[PDB]
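Here we show just some of the chains, and they stay where they sit in the whole.
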Amino acid sequence: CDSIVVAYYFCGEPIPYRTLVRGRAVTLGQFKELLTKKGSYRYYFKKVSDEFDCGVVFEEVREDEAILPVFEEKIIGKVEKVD
Amino acid sequence: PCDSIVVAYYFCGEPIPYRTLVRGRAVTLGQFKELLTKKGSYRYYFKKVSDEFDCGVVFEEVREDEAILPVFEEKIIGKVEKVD
């Protein structure tokens, strides 16, 4: 296994965009390179959270060097345009 | 399978530059800024060819941080200066 599945829902759209990334670990900045549209966005990723009752959160990630959480083996991101 | 970039910067004149690899194709000032360990006010320059003259490439000052750093001969060569 030399890869990870990276899917994100984009600016509201219902069908998420899916791609494979070589590495087993992905950073925000790598994820940012898959995006095609310029502008200001916030990025969230499903992550398990003991501290929440329905198990899941969308963790906001901000720093490029940061390693994105993995939910059930995949990276599930939400990309939201600001404003 | 090329998947990451070399980022070296000279830090306040200390000759020996600090070297690291960054995953991805291109790097922004803000990502570069996350590799730095010391707090404070700094300016940042990066080698990158100019179309002026002798012994000449430039050190381009970058400040935005969603700005994509120039690449000199395939690497990112930065100069980090503390504002005195």
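The letters A and B name the chains in turn, as written, and every chain counts its residues from 1.
Convention: a contact is a pair of C-beta atoms (placed from the backbone, for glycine too) under 8 Å apart; a residue touches a chain by one contact, two chains touch by 3 or more.
Assembly remark, whole complex in this entry with 2 chains visible in place, copy number of the identical chain is 3.
What we mean here is this: only the chains that are shown with their structure count from here on.
Mean C-alpha positions place chain A and chain B at a centre distance of 27 Å. Of all residues in chain A, those touching chain B in their complex are 22-23, 27, 29-30, 33, 63-65.
Per the touch definition, chain B reaches chain A in the complex via residues 1, 3, 22-28, 30-31, 34-35.
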